[PDB]
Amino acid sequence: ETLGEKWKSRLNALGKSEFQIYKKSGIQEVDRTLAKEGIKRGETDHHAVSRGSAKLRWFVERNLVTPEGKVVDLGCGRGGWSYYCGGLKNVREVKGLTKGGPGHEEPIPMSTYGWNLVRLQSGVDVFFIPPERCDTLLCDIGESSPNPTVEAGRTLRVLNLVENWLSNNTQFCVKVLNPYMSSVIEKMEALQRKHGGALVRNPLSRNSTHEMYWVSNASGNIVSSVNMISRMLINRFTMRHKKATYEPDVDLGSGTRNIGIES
């Protein structure tokens, strides 16, 4: 087996209370109380709609993706990645497509900064629509499963989807749900030879997932980068000072493009 599969079965064997502790041990968290109370309150101004905005921020601050021009947000739920992109300097347009109806996250309308560049459509299944052209491609799709062979296919699906949307110079940040299964590893090698980039681990991800992000502006051997994260997660099984480290939430501004309080 892979180290990843080994991690997955060990994780799946944990007691209920032990699992809870492992999930958040030594990770980064976003401080979200006041932003969530505000949203529940009807406010539409400064708040990220999910912890997803801060998640994307991590990549963008480090130039692992540089969202520019026409941004397509494939599978965008409440819109966390989309609204975040709407407040960015080089972004002209943001199209977020999502399935979202019942049992799924419906797009929340917001008046955060650059909201007017942001078009969010529900009732759409991205897997069976034709690829529009774009400058930035984003996809955070991937529902995790205790069965890693289920995960591996979901990941392969998603990797096949984004492949169809990628032209020569697209900037991209695509979630790789389960990167440790060999069929996925293989697909990733093909894709990296084709489109470049590498897999990177986001400190805000929980220890209960092996997700890594294929981001356009990095490099590294695929296998080495996965095993690295496999080892880390395995190390964290036996960990001491357990509290997560917190981070303030993103402040997305308010109002229209230049006039207009920024983020």
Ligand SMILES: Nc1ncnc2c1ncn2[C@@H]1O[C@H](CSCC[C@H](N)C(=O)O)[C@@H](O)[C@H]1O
The other form holds:
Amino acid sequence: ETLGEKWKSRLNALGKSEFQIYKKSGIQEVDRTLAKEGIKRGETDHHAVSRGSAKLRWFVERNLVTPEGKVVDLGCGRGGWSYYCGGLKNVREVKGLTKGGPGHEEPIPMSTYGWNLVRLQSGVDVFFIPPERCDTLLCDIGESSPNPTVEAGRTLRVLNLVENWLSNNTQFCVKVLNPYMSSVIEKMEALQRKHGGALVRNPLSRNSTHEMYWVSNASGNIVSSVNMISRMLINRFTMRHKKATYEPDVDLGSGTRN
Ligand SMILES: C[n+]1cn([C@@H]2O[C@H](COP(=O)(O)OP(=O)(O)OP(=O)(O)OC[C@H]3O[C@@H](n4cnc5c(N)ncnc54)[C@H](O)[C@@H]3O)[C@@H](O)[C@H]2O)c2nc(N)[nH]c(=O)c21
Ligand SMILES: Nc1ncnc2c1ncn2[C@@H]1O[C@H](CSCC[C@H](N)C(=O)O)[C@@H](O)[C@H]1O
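Could you please show the structure of the form solved in complex with the named molecule, as a counterpart to the form solved without the named molecule just displayed?
Full complex below, order starting with the chain above.
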């Protein structure tokens, strides 16, 4: 058994209140109140549609992914990553695809900076559509489960999916819903040998998930990067400040790009 698995049982054993307190203990949060109120009226200018943008900004503002040219965002939901890339200096084109429909988030049309570069469709199932050429691949797909084996099945589908989309020296940031299961480690190692990058933990992630993102401009041993984060999450069980710490949202400008 891996350390991640020990962690997952310990999580599932928690009571309802302890769960909600642990989930946000000492993590990082985004001040979203005004951005949401803005959107809940007609406002289309300045706001991120999701806390997803803040999440992507963390990776980029550090040069772990450098989106550019033709960007594909698989499972883009409301559009938080897409709209975010739409205003980055080098990015030429953003295409985003999702499920939508009853029970899922629909794309939300916005006029943030570079909105014209960005094209979103719902009703799409990414697993059965032909791969297209591109320069940067993004993917935030993975529906969590109480059962880590289910999670590994779901994650290995996402991995086989992105492989088919990956070229040569293309930029990427790909959610790995479950990185600790033995079968995922293996696929990740084979994938690292063939495309590079490594796994990195985002501090905006909640303690209730062990997700790590495969980003292109990083290195590090797969096994170590993973165990590091299991030990962290276990350390966080007995924590003694028990509060999230907030940071401002992203302003995404307004207007068309060229
Ligand atoms: C809501 N919840 C989720 N988790 C755990 O955290 C992981 C992700 O949980 P989440 O809050 O991020 O939920 P998710 O993003 O999937 O969306 P949603 O809240 O809609 O789904 C809740 C899922 O948690 C499961 N769940 C609900 N209550 C429990 C529980 N008491 N114990 C274990 N699993 C639970 C549900 O069956 C459901 O699949 C899950 O794999 C599960 O082990 C919980 N654990 C405890 N111990 N008590 C909980 O109340 C709880
Ligand atoms: N098989 C599939 N094909 C297309 N979209 C899928 C999919 N499975 C899940 N998705 C969608 O992908 C989305 C990932 S969550 C979107 C978060 C986004 N990065 C943001 O910043 O807002 C979910 O809304 C889900 O409905």
